[PDB]
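The structure under discussion appears below in the form of structure tokens.
Missing here: one protein chain of the complex. Every other protein chain is in place.
Naming follows writing order (A, B, C, D, E, F, G, H and I), and every chain is counted from residue 1.
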Amino acid sequence: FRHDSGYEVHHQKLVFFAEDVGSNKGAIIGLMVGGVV
Amino acid sequence: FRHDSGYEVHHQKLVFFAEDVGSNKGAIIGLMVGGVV
Amino acid sequence: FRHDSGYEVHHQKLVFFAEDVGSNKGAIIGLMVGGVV
Amino acid sequence: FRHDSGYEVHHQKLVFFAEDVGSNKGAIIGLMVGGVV
Amino acid sequence: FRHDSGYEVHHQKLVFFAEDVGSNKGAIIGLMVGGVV
Amino acid sequence: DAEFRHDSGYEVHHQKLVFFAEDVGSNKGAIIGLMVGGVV
Amino acid sequence: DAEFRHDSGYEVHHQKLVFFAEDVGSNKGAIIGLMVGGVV
Amino acid sequence: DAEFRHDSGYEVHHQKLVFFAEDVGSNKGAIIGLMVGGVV
Amino acid sequence: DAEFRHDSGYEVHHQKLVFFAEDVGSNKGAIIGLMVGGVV
Partner (left out) sequence: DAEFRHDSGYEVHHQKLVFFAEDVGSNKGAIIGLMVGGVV
């Protein structure tokens, strides 16, 4: 009985919370997985 | 009985909290996974 | 019975909290995983 | 019974708290995992 | 029964707290894991 | 790792409550929104 | 690692409560929003 | 590592409460928002 | 390492409370927001 697995990445938990009450703000990003702008 | 796994990264917990009451702010990022701008 | 795993990184807990009441601030970042700007 | 693991990094706990009431501040960073700017 | 692990870094606890009431401050960093600027 | 959390607003491992109410008296008048184990 | 947290607003390992109420008296009048184990 | 935290607003390992209330008297009048184990 | 923290606002390993209330008297009048183990 061998698992025999060269790379294991069992879990990850990522929580992003962004809140903006912001006004009159302009910004170019190319990519935002989670962005508030 | 052998697990036999060359790389193991069992867990990670990442929590990002961003709050902005900010106004009149402009900024270019190329990438923000979690950004408030 | 052998686990036999060359690299082990069992856990990590990262908590980032950013709050900005800030106004009239402009800044270029290329990447912010968690940013408030 | 042998664990047999060449590198072990069992845990880490990182907590970053940034609060800014700051205004009229502009700064270029290239990367901020946790930044307030 | 042998653990047999060449490098062990069992734990670390890092807490960073940054608060800025600061205004009219501009600064370039390239990287801030935790920065307030 | 194993993390066990128990939250109880109120927990009792063991409890005994005894309430005894005797009324010997005619003509009491009362208004009660909620009476538990209550004698007028 | 194993982390155990118990939170209880109120915990009792063991409790005994005894309430005895005797009324010997005619003509009392009362208004009670909530009466538990209560004698008028 | 193993971390154990117990938080209890109120904890009792053991408690005994005895409340005895006797009324010998006619014509008392009362208003009580909450009466527990209470005799008018 | 093992870290044990107990926080209790109020802890009692053992407690005995005895409250005795006797009223011998007609015509008392009272307003009580909360009466526990209370005799008018």
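Note that in this section a contact is a pair of C-beta atoms (placed from the backbone, for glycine too) under 8 Å apart; a residue touches a chain by one contact, two chains touch by 3 or more.
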Quiz prompt | Residues of chain I (touch criterion as defined above) contacting the omitted chain | solution = 1-40
Quiz item: In the whole complex, what residues of chain H lie against the chain that is missing from view?
Solution: 19, 25, 28, 30
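Basically, only the chains that are shown with their structure count from here on.
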Quiz prompt | Chain centre separation in whole Å, for chain I relative to chain B (CA means) | solution = 52
Quiz item: Approximately how many whole Å separate the CA-defined centres of chain F and chain G?
Solution: 5
Quiz prompt | Sequence positions of chain A contacting 2 or more other chains | solution = 8, 16, 27
